[PDB]
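Enquirer: Here the structure of chain G is known, so what remains is to put chains W and L with the ligands in place on it, guided by the hints.
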Amino acid sequence: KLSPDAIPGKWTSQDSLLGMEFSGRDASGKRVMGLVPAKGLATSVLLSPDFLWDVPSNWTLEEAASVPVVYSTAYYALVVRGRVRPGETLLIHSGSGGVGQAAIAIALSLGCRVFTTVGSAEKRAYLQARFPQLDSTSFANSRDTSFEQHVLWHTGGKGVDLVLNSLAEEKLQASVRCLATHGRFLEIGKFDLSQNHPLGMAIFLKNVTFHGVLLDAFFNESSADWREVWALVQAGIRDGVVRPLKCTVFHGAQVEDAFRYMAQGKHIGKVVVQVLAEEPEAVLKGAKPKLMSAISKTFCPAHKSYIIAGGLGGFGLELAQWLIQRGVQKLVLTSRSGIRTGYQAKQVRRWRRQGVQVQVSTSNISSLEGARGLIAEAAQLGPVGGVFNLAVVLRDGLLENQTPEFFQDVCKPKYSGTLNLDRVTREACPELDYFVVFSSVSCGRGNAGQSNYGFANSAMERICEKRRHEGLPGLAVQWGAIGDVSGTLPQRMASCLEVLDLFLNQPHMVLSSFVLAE
Amino acid sequence: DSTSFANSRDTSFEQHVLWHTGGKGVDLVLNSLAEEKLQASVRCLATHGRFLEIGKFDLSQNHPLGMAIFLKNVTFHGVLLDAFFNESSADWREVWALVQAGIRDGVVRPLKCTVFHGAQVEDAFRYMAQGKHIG
Amino acid sequence: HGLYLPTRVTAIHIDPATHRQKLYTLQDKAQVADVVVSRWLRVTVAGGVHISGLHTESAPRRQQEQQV
Ligand SMILES: NC(=O)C1=CN([C@@H]2O[C@H](COP(=O)(O)OP(=O)(O)OC[C@H]3O[C@@H](n4cnc5c(N)ncnc54)[C@H](OP(=O)(O)O)[C@@H]3O)[C@@H](O)[C@H]2O)C=CC1
Ligand SMILES: NC(=O)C1=CN([C@@H]2O[C@H](COP(=O)(O)OP(=O)(O)OC[C@H]3O[C@@H](n4cnc5c(N)ncnc54)[C@H](OP(=O)(O)O)[C@@H]3O)[C@@H](O)[C@H]2O)C=CC1
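Protein sequences appear in the order of chains G, W and L. With the authors' numbering applied, the first sequence corresponds to residues 1582 to 2066, 2081 to 2113, in that order. At position 134 of the second sequence the residue is numbered 1849 (the authors' numbering), and the sequence of numbers has no breaks. At position 20 of the third sequence the residue is numbered 1063 (the authors' numbering), and the sequence of numbers has no breaks.
Do not rely on the hints blindly, as some may be mistaken.
[Stated by the list, open to error] Once the Cα atoms are required to be at most 20 Å apart in a straight line, the calculated EDC-like pairs of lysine to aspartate or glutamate come out as: (1) W:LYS1787 to G:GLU1644; (2) G:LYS1620 to G:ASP1607; (3) G:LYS1787 to W:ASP1806; (4) G:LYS1739 to W:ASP1806; (5) G:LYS1611 to G:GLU1859; (6) G:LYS1582 to G:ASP1838; (7) G:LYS1620 to G:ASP1631; (8) W:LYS1787 to G:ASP1797; (9) G:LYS1582 to G:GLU1750; (10) G:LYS1591 to L:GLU1100; (11) G:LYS1993 to G:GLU2051; (12) G:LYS1787 to W:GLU1802; (13) G:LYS1787 to W:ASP1797; (14) W:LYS1787 to G:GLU1802; (15) W:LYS1787 to G:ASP1806; (16) W:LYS1739 to G:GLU1802; (17) G:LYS1611 to G:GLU1644; (18) G:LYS1847 to G:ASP1725; (19) G:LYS1739 to W:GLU1802; (20) W:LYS1739 to G:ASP1806; (21) W:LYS1739 to G:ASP1797; (22) W:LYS1787 to L:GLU1100.
[To be verified] Pulled from the structure, derived: some chain W residues nowhere near chain L, Cβ distances all over 10 Å: (23) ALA1721; (24) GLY1738; (25) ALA1783; (26) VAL1794; (27) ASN1801; (28) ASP1806; (29) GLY1821; (30) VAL1836.
Just so you know, these hints were derived from the structure itself, not from any lab. Note that beta-carbon positions come from the ideal geometry of N, C-alpha and C, so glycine has one too.
Just chain G, same shape as in the assembly:
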């Protein structure tokens, strides 16, 4: 229901955007509960210390998993934006929900009169148990617009000072009518805001401050303003106001069950996932989290350098874009003519602006000295991590019109280049962990009139097989027809990159991929 890009901050990760809070151990073994823009549901997280509280002694790590997001948003909404003062009467929607409970806890501490809207009778009873200060006249129905009349009755018709609205459509309009003179309306939802629904300005004749609250802004900007909310949450924790919510603990192996349980919408409190059990020790100063079985997907370090021969070509640019998304920050792209088109210039400038240390070169891998120069440049950037070989020269024609010169030209970029790269990589590339060369289905199946292409591709496969036998990385991928950049319909670039992600992890040597016509 929500596009991943809607999350603030240009992530582009295309995955791992499913978490917001956690409670675990710091690198020193300290018990900490944190707040992260994304990538929360994981066995580890990389968070700045400005988003990490300390779990007190009473709390258990299970309880601490609920406080951060809910209490941060409640505090930022009320204290820092609504400037709530003691004695006021504020309306908080969806009391059972986490933010509702946090807001109720904050308000009652100051002394306010609280109106809450719940969904059923069980939630009403639970909230009565939690907060004895709430009377029977402090509840309404949240599934209809009848809370308007209730609040307008028990308030004498004067309304309320604050409205922590989280409902949409007609119910939002009803909440606005409950406001009082000098009122303050705090919108934490994102549906009516997104749809650009109209809001009658007549309400402002009465002094009204219609706020729009998005806590997600702080995570990526406005670091100066954050420390106010952090100080407020810490003060609440030490003073006793901030109380952990109810939790329903699921295990890591059953996360889908937790998601479905949430989707049913029958949870009162918070739903939590137990990635790893808490030890009885106060400070375990452990080494690593327990290992688990996870689907494999490729990533790259930052100190490694990567080389793409013929990277300025069609497939080369898309593969380079893919690699950058996986952490590559030092690249070498080889072409005989360098940059000569607009698309190449656009891509290289974009990557340089992103921070990557791109560097085009004219070191023709066909000549062994050129291969040594290329590897030397890559080293100058940093240790050579991987080498890709996407060079090709095409001189097609039936064997009748073929000549030895055409064979030599077609096989120089691919046959000779791969050999030179292999020799140099063995000589002076000890940290290399990828060696990929791109072949064509013609090598296996045989496409009429591409004999030299077949011979060049077939050689590249033997070198890769031999490398993998001696314990070294090696892989020859046999592609069909790449579409965006035989009886095999072309292939989209996205599908090709997904298949490549699959291939780099397999233990085999030569793998192929194509799409069957009809």
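Expert: Below, chains W and L with the ligands without anything else, positioned relative to chain G:
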């Protein structure tokens, strides 16, 4: 400075502010204009902006306001000074203190004044009605 | 990244007379209209068309994945 002026009878201040502010906008806006120009002013708010409305025409007529602006942390304020005369004196003392502090600190300067005698009250009303007065 | 479709446009102004005036013939027989996008001012101008306040929302892929 010379780059800080625009035109108040046209919707062109939108482009001027956006260009000179780098496309970000203005953090705080004090608006006293009509419908099209109010909409123009709203499009000038930056993230974490604030909109101070002192006019009445749009508020009285209940013109629609798009709620998409609040995706940013914009805060919309309806400022009416009359509320103090009827209640909230304890709050009015804060503004009183602000004005007194400004006066004693020299920030508060008197405006340029045009004087009409008591017998000529009608002429004063006509002159202000024309709209050429400054001060 | 991903495909984005228009959802809202704050204002579009079209003036065919000025449009015909703006057009200028290329060296080939084809006619061309220059275009400028000012992402700061949220305005796109080409010939006699003036689009302002264009809003595009991400659209989920149809995931037909016809290619397997
Ligand atoms: N300003 C911001 O950017 C932030 C936004 N928020 C918003 O605050 C609100 C509270 O979030 P959270 O604490 O997670 O609340 P929960 O998801 O735990 O509960 C929300 C409430 O909505 C009602 N509801 C009915 N059906 C469902 C359902 N299927 N799933 C969820 N709720 C349901 C219930 O209240 P009822 O009993 O009345 O039916 C429920 O308690 C949300 O709208 C959230 O988007 C939160 C933090 C930051
Ligand atoms: N995409 C496809 O349809 C399929 C292609 N393949 C293989 O996968 C790769 C895909 O790249 P592709 O789209 O063909 O690329 P291009 O069609 O753009 O051509 C190859 C690229 O490598 C460069 N190159 C060619 N020869 C040399 C050389 N001797 N030294 C340095 N650079 C060189 C070219 O630039 P310049 O000309 O300036 O040197 C160009 O950028 C190729 O290796 C191809 O053989 C196989 C199966 C399917």
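Enquirer: Against this structure, judge whether each hint is valid.
Expert: Structure-based check of each hint:
no.	hint	in the structure
1	W:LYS1787 to G:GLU1644	32 Å, violated
2	G:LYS1620 to G:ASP1607	17 Å, holds
3	G:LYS1787 to W:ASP1806	16 Å, holds
4	G:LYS1739 to W:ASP1806	19 Å, holds
5	G:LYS1611 to G:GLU1859	12 Å, holds
6	G:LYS1582 to G:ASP1838	19 Å, holds
7	G:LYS1620 to G:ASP1631	17 Å, holds
8	W:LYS1787 to G:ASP1797	10 Å, holds
9	G:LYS1582 to G:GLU1750	17 Å, holds
10	G:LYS1591 to L:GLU1100	15 Å, holds
11	G:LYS1993 to G:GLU2051	25 Å, violated
12	G:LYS1787 to W:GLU1802	13 Å, holds
13	G:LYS1787 to W:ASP1797	10 Å, holds
14	W:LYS1787 to G:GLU1802	12 Å, holds
15	W:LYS1787 to G:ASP1806	15 Å, holds
16	W:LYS1739 to G:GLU1802	14 Å, holds
17	G:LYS1611 to G:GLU1644	16 Å, holds
18	G:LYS1847 to G:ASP1725	18 Å, holds
19	G:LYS1739 to W:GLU1802	14 Å, holds
20	W:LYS1739 to G:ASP1806	19 Å, holds
21	W:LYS1739 to G:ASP1797	19 Å, holds
22	W:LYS1787 to L:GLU1100	16 Å, holds
23	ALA1721	14 Å, holds
24	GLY1738	3 Å, violated
25	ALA1783	8 Å, violated
26	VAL1794	26 Å, holds
27	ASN1801	39 Å, holds
28	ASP1806	38 Å, holds
29	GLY1821	38 Å, holds
30	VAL1836	45 Å, holds
Of the numbered hints stated above, those contradicted by the structure are hints 1, 11, 24, 25, listed in ascending order.
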